[PDB]
Amino acid sequence: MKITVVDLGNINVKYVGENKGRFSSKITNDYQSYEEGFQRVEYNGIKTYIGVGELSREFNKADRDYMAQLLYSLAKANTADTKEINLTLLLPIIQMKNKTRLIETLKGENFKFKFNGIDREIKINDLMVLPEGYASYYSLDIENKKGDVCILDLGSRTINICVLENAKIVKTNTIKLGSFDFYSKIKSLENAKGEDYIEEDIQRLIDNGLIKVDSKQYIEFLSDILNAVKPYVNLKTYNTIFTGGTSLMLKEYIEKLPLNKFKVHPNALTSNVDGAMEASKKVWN
Amino acid sequence: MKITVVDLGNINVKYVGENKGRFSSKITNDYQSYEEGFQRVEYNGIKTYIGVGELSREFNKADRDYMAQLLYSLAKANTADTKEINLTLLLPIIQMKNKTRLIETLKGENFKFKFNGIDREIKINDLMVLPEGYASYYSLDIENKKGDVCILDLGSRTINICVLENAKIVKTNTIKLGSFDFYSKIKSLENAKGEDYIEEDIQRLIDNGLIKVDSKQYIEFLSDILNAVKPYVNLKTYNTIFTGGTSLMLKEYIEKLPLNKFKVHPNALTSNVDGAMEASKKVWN
Amino acid sequence: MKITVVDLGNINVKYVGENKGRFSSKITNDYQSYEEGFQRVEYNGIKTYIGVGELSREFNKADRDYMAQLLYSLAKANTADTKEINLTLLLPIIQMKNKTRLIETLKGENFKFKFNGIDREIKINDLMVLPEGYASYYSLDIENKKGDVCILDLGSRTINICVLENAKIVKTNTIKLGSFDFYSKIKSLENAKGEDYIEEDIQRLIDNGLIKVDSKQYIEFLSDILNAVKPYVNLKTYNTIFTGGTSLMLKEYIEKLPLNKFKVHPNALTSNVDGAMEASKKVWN
Amino acid sequence: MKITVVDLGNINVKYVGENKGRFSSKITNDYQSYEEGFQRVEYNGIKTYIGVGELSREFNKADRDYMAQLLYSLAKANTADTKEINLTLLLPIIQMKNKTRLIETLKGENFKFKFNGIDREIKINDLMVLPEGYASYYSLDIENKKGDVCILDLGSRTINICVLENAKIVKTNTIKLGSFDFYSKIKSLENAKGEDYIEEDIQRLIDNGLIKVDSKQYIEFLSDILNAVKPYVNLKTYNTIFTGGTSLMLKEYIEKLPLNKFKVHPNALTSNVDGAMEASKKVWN
Amino acid sequence: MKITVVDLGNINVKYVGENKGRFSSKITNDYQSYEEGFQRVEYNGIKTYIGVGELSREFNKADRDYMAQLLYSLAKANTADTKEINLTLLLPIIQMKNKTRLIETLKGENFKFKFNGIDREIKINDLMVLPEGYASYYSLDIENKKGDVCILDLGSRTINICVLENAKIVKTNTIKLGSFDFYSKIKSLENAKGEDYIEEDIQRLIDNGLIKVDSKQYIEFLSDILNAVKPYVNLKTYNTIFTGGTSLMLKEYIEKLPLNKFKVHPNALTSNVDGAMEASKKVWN
Ligand SMILES: Nc1nc2c(ncn2[C@@H]2O[C@H](COP(=O)(O)OP(=O)(O)O)[C@@H](O)[C@H]2O)c(=O)[nH]1
Ligand SMILES: Nc1nc2c(ncn2[C@@H]2O[C@H](COP(=O)(O)OP(=O)(O)O)[C@@H](O)[C@H]2O)c(=O)[nH]1
Ligand SMILES: Nc1nc2c(ncn2[C@@H]2O[C@H](COP(=O)(O)OP(=O)(O)O)[C@@H](O)[C@H]2O)c(=O)[nH]1
Ligand SMILES: Nc1nc2c(ncn2[C@@H]2O[C@H](COP(=O)(O)OP(=O)(O)O)[C@@H](O)[C@H]2O)c(=O)[nH]1
Ligand SMILES: Nc1nc2c(ncn2[C@@H]2O[C@H](COP(=O)(O)OP(=O)(O)O)[C@@H](O)[C@H]2O)c(=O)[nH]1
Ligand SMILES: [Mg+2]
Ligand SMILES: [Mg+2]
Ligand SMILES: [Mg+2]
Ligand SMILES: [Mg+2]
Ligand SMILES: [Mg+2]
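Protein chains in written order, with the deposited numbering: chain D, 1 to 285; chain B, 1 to 285; chain C, 1 to 285; chain A, 1 to 285; chain E, 1 to 285.
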């Protein structure tokens with residue numbers, strides 16, 4: 001009946017159902033004393049405190065314990081009364097076969113969990129999966145659908161390329177690259193001097209003004225994500241729709257490019273989710 | 001019972017049966033993840049995603065894996081219920097003997113294939129073959145049949161000449177030339193500067209306004225396709241019927257010629273198919 | 001006085017001067033702590049660690065920062081005492097005009113650089129440029145020069161065709177294709193399952209026995225590089241000289257072809273360099 | 001002052017001045033990257049690379065862009081110092097009136113051109129024109145001049161007949177036929193099987209041993225060029241002087257004919273040029 | 001003359017010279033009455049009792065009072081007679097520049113100290129520094145040097161990764177993680193109940209059987225140190241050499257991994273020291 005979309009992501013989880021929103025992908029099974037005060041979920045006796053701790057850098061995200069974050073998002077989006085829903089997950093455009101390993105464990109499965117002590121249960125009627133990037137196309141404006149575009153989802157570790165002709169995909173590819181490698185690069189020189197920073201506590205430092213990131217350190221990352229797309233796409237052609245949070249981290253610089261036709265998608269952070277929302281409406285409704 | 005006509009072509013496939021239409025000749029056996037979203041066919045365990053990828057530039061088109069495109073066209077034209085049909089293929093006017101190598105593999109053969117996952121089967125009662133150009137004559141209007149005409153099919157790589165006297169052919173020839181060489185010429189100067197274009201993604205660029213093709217670049221191609229026909233035909237004589245997609249690419253210029261009597265065939269893209277359709281009606285029906 | 005030849009290439013750099021040799025085209029500007037242990041060069045304050053990192057997939061290789069690799073090759077080939085030399089670079093056969101943008105920045109220019117901390121300087125008397133493929137002809141044996149041959153340089157991303165009549169070139173063309181697309185194809189299915197491989201760390205895997213490349217995966221690449229040469233050359237004619245590293249990657253299979261006269265050039269990896277070496281001798285000496 | 005003779009021909013250009021010689025009639029305006037390496041001429045901003053490309057099959061050779069080949073021959077025959085010369089062109093024996101359209105554009109005209117980058121200029125004092133065949137008579141030996149002969153110039157597409165009584169012409173005619181039609185005939189069956197040959201790259205194949213031309217395929221061409229001369233000449237009468245390159249292509253067979261008196265002209269390839277050379281000497285000198 | 005190697009470490013000091021050995025990194029400046037009975041060193045009037053007390057958790061170990069432990073190790077390794085030696089210290093692979101701040105204070109410096117009341121003096125001819133991990137490669141067996149390996153030094157707080165191709169390093173990185181965080185995790189739940197344990201007195205408890213460490217508490221730490229290496233290395237590739245004491249704390253579990261090729265280095269505790277010993281021999285001797 002109700003429909004929900006969950007982009008697990010590697011550093012941010014983005015859910016949209018009856019109530020939309022997002023949070024961080026950090027998950028930790030470590031023991032914690034002041035449980036009342038964290039965001040936590042206990043599934044079949046194992047507890048996880050979300051929003052803090054490690055990052056689960058594992059690739060191939062159909063097996064990276066996509067477990068407590070999913071239920072937490074389901075609880076946070078819908079309400080306690082809801083029992084049966086329809087899930088529309090978003091896997092990368094190169095790992096779409098892994099849905100076989102994904103449906104077998106979720107479809108027609110009843111999940112009971114605490115969600116901060118207020119225990120509840122939820123079932124899913126049917127599961128659905130879409131590739132990242134492709135979904136963001138549907139959220140796109142009509143003016144861009146007609147032409148030949150190139151959805152370029154710049155994730156945290158995955159760049160997903162989906163070249164769309166007049167309402168038909170042509171090229172579909174994935175590249176291992178994103179903001180995470182940039183964070184590793186920054187820490188490679190920061191931790192070197194005397195410090196102890198890591199990939200998780202390094203974006204907040206830039207936000208709060210401790211890491212003096214030079215203007216050209218972003219230019220290098222731009223030219224590195226564009227020296228990995230030439231074999232598959234010519235950006236001057238194929239009017240582009242930059243999406244993903246990484247785009248907003250470089251929006252002030254992506255607009256100063258020698259590209260003849262392009263744009264940065266509005267609400268890029270939630271585009272891949274909103275488009276999948278439309279698609280789910282089209283299918284079930 | 002039912003009749004179908006399939007012009008495989010080198011850059012466009014054109015089929016006409018219960019439901020007419022066309023598509024691109026691009027075929028690729030490359031692995032693709034998001035299979036659901038492409039147009040695909042799996043024959044005896046080998047899969048092909050049609051409409052994207054390579055071009056299969058091989059000449060002598062009786063052996064260029066005329067395999068998945070044919071079945072895809074058969075499925076797209078007729079319906080799932082249909083089992084037995086009559087095929088009327090169109091080989092060039094110089095490769096008509098190769099029908100021997102063509103009939104032996106198709107006549108009385110049952111073909112089973114997926115066609116985007118909805119597996120089906122089809123048999124062909126008898127196979128028939130006609131030369132390109134000659135067939136387009138039958139689709140021609142009556143006013144032109146009476147006179148002495150010269151069907152000039154300007155394909156992508158083959159110019160087929162069929163000189164018809166009063167309902168009887170006289171001269172029959174094939175020339176290696178067409179729009180593909182023009183595309184190669186354009187890329188020879190475009191890719192030279194800094195670019196990476198190829199023969200496949202170069203027509204769309206002209207359509208979408210990135211390649212500033214000069215007016216005389218078409219004039220050169222016209223005079224090059226006419227400096228290859230003088231030995232066999234004098235165009236001023238033999239009222240001509242330009243056909244093939246290449247003609248429409250030059251219709252605005254072919255009409256400004258110093259030729260005493262000529263025309264560009266209407267629906268030239270599908271003339272060679274419609275005429276063969278009439279001929280098949282005449283034979284079986 | 002001294003003469004040097006440098007084929008920058010896209011995945012391998014090949015230099016021949018007083019001391020010949022080669023290395024990888026990988027270049028990275030990323031900060032590195034243990035500088036002593038890498039191969040590095042600092043030019044006008046920007047440092048580059050060669051042999052590791054990215055690949056610089058940019059086409060039109062007259063602008064792809066052909067900068068630190070060139071000086072590194074110059075230092076590694078000649079000795080510290082040498083000051084003035086003559087450079088004979090090798091551009092592709094379709095980008096030979098870009099020498100205008102190449103000579104203006106190098107001719108009569110003194111370059112000072114570190115080369116692993118032992119700072120030195122070097123000047124070049126005059127610059128010279130030759131097209132890829134054509135140069136490899138001169139390294140060829142006499143038995144093949146007399147006839148009508150077709151130098152077919154199968155690079156990593158560029159196939160360069162130079163058809164030579166009796167000591168005179170006829171056809172000259174470039175095609176965007178090579179081993180890099182094959183690596184992308186392999187990773188398209190390897191990274192799909194659960195892995196994280198990329199075009200750079202994928203050949204070593206084949207060498208060390210982790211990627212079970214099927215025998216027909218090479219056959220597909222052969223027939224794909226031969227379905228891109230028919231319009232320009234008929235391989236049965238024009239006795240062929242396969243060159244480039246890609247040929248050695250397929251030497252065991254290129255010899256089982258239905259071609260009437262052909263061969264795989266010995267030391268194909270360095271043929272395009274040795275031939276240019278002869279030509280430079282002829283010109284200056 | 002100096003004198004030059006230029007037989008443009010349809011497949012071979014033959015010039016004789018201070019330095020004699022010949023080359024191929026192939027001309028192409030197509031863009032080419034490695035300009036240094038071809039034989040090229042740029043006239044008033046349009047460039048042509050001679051010796052490669054198309055063939056310019058147009059008849060009535062007073063308008064077939066007789067433009068870059070002429071200047072190239074002039075430059076190659078004479079030297080850079082020469083400024084004013086006397087031209088003696090050779091039109092067919094049926095198109096001798098077209099000299100009106102030829103003199104108006106050349107006489108007293110200064111032509112400036114590059115000739116492979118070494119720009120130069122040249123003027124012509126007066127222009128002269130002679131018919132093909134007739135000129136070859138003057139190069140003939142004295143033993144044949146006295147009698148009643150029949151100059152039979154077997155060109156590539158034109159057979160020129162000039163019947164000479166005792167130093168006076170009687171019959172003068174032209175026939176559309178020659179080696180080009182034979183090449184078209186050969187390709188009509190070669191390209192049919194699977195191949196892609198054309199009239200331009202088909203003689204070299206015979207020379208290099210790929211086309212197994214049967215002995216009687218030449219006999220058919222002989223009897224076809226002799227079934228087109230009976231109405232105008234009886235070959236048994238009128239002791240004949242076969243000239244033109246086509247004769248050398250059939251010299252081994254023309255000598256086995258049932259003709260009472262005949263011969264194949266020595267240096268037939270250059271006879272029509274040498275005779276015109278004598279005539280020019282007679283007129284101006 | 002004599003050579004010594006000192007790995008200060010964060011929880012263990014490891015020295016190798018004329019006499020090898022190790023001890024604990026605990027250092028305390030606190031006053032102690034029964035001085036005779038402890039291991040102590042007094043430098044320029046400040047005394048330190050080694051092997052007991054605090055731990056000096058400071059990172060960037062080029063400034064963490066690397067002072068009394070160093071001299072104590074020097075005295076314990078060599079003998080009283082020795083005056084001049086050569087030091088080969090081991091900094092992490094990300095803090096190798098700090099050698100600048102290290103050499104300035106030690107090179108050519110005479111140090112006088114008590115060493116349990118028997119005052120003595122020592123000078124160092126020259127100082128040398130190597131990165132952790134890289135040094136352990138030299139102690140490795142020949143069978144592993146030839147291949148492409150990945151030295152993975154699992155320290156107490158630092159994981160040092162050095163990817164070695166055929167005798168050449170490629171990737172060099174440091175990660176803040178190790179056994180110390182595991183000890184903090186254990187105490188987080190032990191001290192919670194009623195206890196007062198700390199990171200220093202918690203390993204001995206496991207050894208002596210008071211802390212019932214579950215088998216999966218080590219598995220969590222394994223998967224946490226492997227969820228921090230995927231971005232930089234794929235462990236299935238790059239045959240690995242686990243080193244550092246942490247490896248021995250998990251040797252019984254590291255061998256049950258789904259890794260295709262790996263091993264735990266013998267004498268892992270002293271590998272990083274022995275390899276540096278070889279390197280020092282190579283350089284000075
Ligand atoms: N400057 C800026 N950056 C943002 C904002 N929101 C997200 N980002 C960046 O976008 C990245 C999130 O990547 P994400 O789209 O979640 O990757 P995914 O989880 O793999 O899909 C983070 O690294 C952020 O730095 C924002 O509001 N401002
Ligand atoms: N301008 C224009 N060109 C067209 C159109 N349809 C087809 N063409 C051109 O016609 C060519 C197709 O050639 P085709 O007839 O399929 O060759 P064949 O496959 O060998 O028979 C393409 O290169 C197109 O550029 C059209 O609607 N407009
Ligand atoms: N099997 C094998 N392959 C090789 C060898 N050397 C080079 N190659 C292949 O040749 C390719 C190098 O292409 P290259 O000639 O450098 O392209 P270019 O840089 O554009 O000129 C690589 O992808 C290698 O896989 C060899 O010794 N054995
Ligand atoms: N066997 C042979 N044939 C030749 C030779 N030279 C020229 N030919 C033939 O002669 C023809 C040239 O015809 P040509 O006299 O130039 O015709 P034109 O240009 O119209 O005057 C070519 O088709 C060649 O096959 C030769 O040395 N040997
Ligand atoms: N089980 C076991 N563990 C050991 C042994 N020796 C050392 N360890 C562990 O290894 C760790 C020492 O780490 P270390 O290599 O000194 O880190 P570093 O000082 O930063 O280089 C300690 O936490 C010990 O628990 C041993 O013999 N047995
Ligand atoms: Mg994403
Ligand atoms: Mg056609
Ligand atoms: Mg190359
Ligand atoms: Mg002639
Ligand atoms: Mg250590």
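Think of the hints as simulated: they come from the structure by calculation, not from any bench. Heads up, some of the hints might be wrong.
The list cannot tell twin chains apart, which means a pair is met if one copy fits it or any two copies do.
With a straight-line cut-off of 27 Å between C-alpha atoms, the simulated DSS-like cross-links for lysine-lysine are [claimed, not checked]: (1) 26 <-> 185; (2) 83 <-> 212; (3) 176 <-> 26; (4) 185 <-> 20; (5) 146 <-> 171; (6) 171 <-> 212; (7) 256 <-> 2; (8) 123 <-> 216; (9) 261 <-> 2.
Now for the hints, and whether the structure bears them out:
no., hint, in the structure
1, 26 <-> 185, "both (20 Å within a copy, 17 Å between copies)"
2, 83 <-> 212, "neither (49 Å within a copy, 41 Å between copies)"
3, 176 <-> 26, "both (20 Å within a copy, 17 Å between copies)"
4, 185 <-> 20, "neither (33 Å within a copy, 35 Å between copies)"
5, 146 <-> 171, "within (17 Å within a copy, 40 Å between copies)"
6, 171 <-> 212, "between (38 Å within a copy, 25 Å between copies)"
7, 256 <-> 2, "neither (42 Å within a copy, 44 Å between copies)"
8, 123 <-> 216, "neither (49 Å within a copy, 31 Å between copies)"
9, 261 <-> 2, "neither (38 Å within a copy, 48 Å between copies)"
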